[PDB]
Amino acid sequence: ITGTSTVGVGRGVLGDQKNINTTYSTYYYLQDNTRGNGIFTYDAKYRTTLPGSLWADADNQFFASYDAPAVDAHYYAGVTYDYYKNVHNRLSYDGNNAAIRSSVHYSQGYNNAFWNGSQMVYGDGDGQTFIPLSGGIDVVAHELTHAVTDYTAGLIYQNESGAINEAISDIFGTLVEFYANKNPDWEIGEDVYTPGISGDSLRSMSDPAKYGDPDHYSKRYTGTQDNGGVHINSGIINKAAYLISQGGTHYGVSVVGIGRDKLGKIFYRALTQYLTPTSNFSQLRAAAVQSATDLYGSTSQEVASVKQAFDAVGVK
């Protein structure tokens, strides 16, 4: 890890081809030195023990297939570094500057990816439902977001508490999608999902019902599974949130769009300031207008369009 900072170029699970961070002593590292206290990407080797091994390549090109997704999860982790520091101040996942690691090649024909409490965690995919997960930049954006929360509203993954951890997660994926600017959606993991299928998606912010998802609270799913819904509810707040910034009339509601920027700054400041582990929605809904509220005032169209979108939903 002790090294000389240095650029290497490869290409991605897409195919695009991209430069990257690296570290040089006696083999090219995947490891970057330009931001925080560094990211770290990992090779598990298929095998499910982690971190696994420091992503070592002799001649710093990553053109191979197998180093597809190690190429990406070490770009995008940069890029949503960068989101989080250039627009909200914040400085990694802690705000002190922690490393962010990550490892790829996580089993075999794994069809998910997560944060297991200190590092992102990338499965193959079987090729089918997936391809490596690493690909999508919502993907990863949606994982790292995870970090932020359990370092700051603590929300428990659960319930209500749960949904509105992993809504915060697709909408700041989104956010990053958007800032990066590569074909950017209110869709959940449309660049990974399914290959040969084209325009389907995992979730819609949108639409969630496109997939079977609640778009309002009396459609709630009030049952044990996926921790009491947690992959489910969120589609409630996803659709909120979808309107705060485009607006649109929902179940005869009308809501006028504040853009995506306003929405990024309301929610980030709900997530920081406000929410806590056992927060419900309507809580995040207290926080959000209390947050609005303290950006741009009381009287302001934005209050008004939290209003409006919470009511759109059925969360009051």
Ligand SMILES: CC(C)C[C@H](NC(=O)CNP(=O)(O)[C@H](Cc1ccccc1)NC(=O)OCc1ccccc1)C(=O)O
The other form holds:
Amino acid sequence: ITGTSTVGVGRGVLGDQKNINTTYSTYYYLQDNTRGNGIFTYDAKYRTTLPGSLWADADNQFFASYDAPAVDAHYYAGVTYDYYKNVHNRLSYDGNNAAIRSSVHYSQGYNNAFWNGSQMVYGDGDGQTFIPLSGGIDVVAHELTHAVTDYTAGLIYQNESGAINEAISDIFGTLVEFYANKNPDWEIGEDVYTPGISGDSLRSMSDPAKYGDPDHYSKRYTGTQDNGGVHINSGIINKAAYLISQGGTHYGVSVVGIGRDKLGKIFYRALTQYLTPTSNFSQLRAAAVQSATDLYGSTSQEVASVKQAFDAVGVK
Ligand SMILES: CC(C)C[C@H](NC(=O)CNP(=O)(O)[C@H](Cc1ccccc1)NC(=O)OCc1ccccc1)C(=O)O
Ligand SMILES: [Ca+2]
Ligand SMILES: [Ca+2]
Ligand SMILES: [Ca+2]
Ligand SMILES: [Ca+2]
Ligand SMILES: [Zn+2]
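The structure above corresponds to the form solved without this ligand; please give the structure of the form deposited with this ligand bound next.
Shown next: the complete complex, the earlier chain at its head.
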């Protein structure tokens, strides 16, 4: 909408107060004009028609329970935009400052979130399996990274290319969580999963097998569920990325860690310059090795650690 940029205040899903960029024109809207062509957050009003209505509020204060998922979808989209711009010199998900659109209160008791090719969508959860999923900065950045992938490699969402697609979203979701530096970890979704259970999460990058996901190519899922295991076999690539950053010895293979910033640079370059819609795991290894060669040199530690990490998870 056309209006003047303002700053509201509210509480997120976890009860934390934050300021949010809004727009005033009769109402205060969840429209952040400070980032690209805008960040826009919508109310889907428990239906599945999208996007719903641009979020409007009478007083620019967002402290109601119903407001909390919108506050966090809006704010964490902004943090994710800031990460890609400041760290990778990428302007929004298309590299040309495309408007970022999110809808919250999607359906009733919906235990998921997604990028639909046009916008981000967040369920509220059923209150037992999940609380509203925009409360997780790693989840929000996971979804926005699917959009980045859509405009770059275009990894098909099936089998190995889909598991790379998923792992890319978990990797950059986690790197955004570290960027914001509030309780960062290598787990996915811990802030919104199972409010009745402390210490768990949807997935672990540091130890995927904690939640039954494979951590070695020899243990990959080969059936048809989950689009051929895209959220299962992502564990193999997530573990490799974790090893590249943090190091460790895994199935007897030692990896020298090179840190999160270099992990992000290597995988961002792989995603944007080498991966294609049908890339498989072996091709991802080749893209990551080439990317680290470009950035650090063929004889570099960084290149050696990428090779070790893929060796450790059985990907040649
Ligand atoms: C218990 C759950 C929460 C755990 C897991 N989900 C996630 O970890 C986060 N959602 P997510 O993985 O982001 C989304 C999943 C989806 C797919 C289809 C329909 C609805 C939801 N995919 C997604 O948005 O794909 C984007 C894409 C679009 C086009 C091409 C390629 C990818 C699960 O769904 O099992
Ligand atoms: Ca209000
Ligand atoms: Ca965390
Ligand atoms: Ca996390
Ligand atoms: Ca929990
Ligand atoms: Zn995903």
